[PDB]
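Moving on to chain A:
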Amino acid sequence: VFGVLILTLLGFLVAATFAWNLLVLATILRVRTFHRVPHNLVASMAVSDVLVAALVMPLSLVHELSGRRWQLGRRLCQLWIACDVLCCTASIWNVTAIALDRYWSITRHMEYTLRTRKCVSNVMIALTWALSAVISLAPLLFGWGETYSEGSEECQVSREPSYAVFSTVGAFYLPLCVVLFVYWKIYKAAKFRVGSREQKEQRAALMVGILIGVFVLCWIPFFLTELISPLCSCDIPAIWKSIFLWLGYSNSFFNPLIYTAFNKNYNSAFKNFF
Partner candidate 1 sequence: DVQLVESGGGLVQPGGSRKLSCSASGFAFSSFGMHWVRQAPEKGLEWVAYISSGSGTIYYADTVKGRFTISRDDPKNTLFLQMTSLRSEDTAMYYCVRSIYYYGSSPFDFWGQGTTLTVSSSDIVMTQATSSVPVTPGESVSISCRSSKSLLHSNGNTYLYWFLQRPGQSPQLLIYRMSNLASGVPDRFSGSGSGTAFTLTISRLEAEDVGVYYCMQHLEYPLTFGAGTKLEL
Partner candidate 2 sequence: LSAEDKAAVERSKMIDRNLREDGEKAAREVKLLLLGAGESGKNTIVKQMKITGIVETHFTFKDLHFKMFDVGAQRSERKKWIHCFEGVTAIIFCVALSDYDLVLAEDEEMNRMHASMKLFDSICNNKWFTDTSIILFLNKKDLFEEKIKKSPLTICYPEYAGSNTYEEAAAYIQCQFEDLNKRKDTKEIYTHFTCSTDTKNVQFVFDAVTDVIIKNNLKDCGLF
Partner candidate 3 sequence: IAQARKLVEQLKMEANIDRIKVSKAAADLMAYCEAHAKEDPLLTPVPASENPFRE
């Protein structure tokens, strides 16, 4: 690449996104006050975020380390290109899940009891992981696209013109719209519940903006390029695609920076831990 600095940065990213998620997963089980309804979603978020860092990122690193040629045959390409489209989709839908909870607990605090809450929560933790599997094992256990490259070993997710639009729409655009709408509603509610000093007004907007920007800037260029490239039959340089791939993988680093670090109980537990 462009010097060993990039490789060192990628290795540091791998180590950080593995260690932080391991620490969070250990903390949730270690602390016995972390057994409430809104904490199961964070555990699913952490496990989905660590399953990609542990065994999907080093494979891509060695794949792109020297030449676009896969090390093994069809025994690994199918397996590596599987969790890549399953352990990433299950993270986007986990962010959408935490958002819909906060909305129904501020917009409808009456019907959202201590039961309805737990029920809808666990139902969502299932549908999320179910849909992930469906898409990942669709161009394989039904026959579609390539996912077989050739002797050139060009391991790549299917480039079928229909599979691209189907997967992108079912994975990103719907969660993006849902998250934007619910956070707009939440921000308006928080604005209204203040007026009827200024930090309470200038911190809520900052928090919501940080959430939306972190979620959007790390995924919006990749997905839009994928949908545009195959369909519009347009070719892009192999460097921009790689950079977008690292941005998508690096979103997992920022993902626990928000939902866990800025909390009170989680920060106190982290400080208690060595």
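The rule we apply is simple: a residue touches a chain if its C-beta (ideal position, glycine included) is under 8 Å from a C-beta of that chain, and two chains touch if they have at least 3 such contacts; residues count from 1.
As a selection rule, all candidates are chains of the complex that A comes from, given by their letters.
Colleague: Could you check which of 1, 2 or 3 is in contact with chain A in this complex?
Modeller: Among 1, 2 or 3, contact with chain A goes to 2.
Colleague: Residue numbers of chain A touching candidate 2 in their complex, please.
Modeller: Listed in rising order, the residues of chain A that touch candidate 2 are 38, 102, 105-106, 109-110, 113-115, 186, 189-190, 193-194, 200, 204, 207-208, 262-264.
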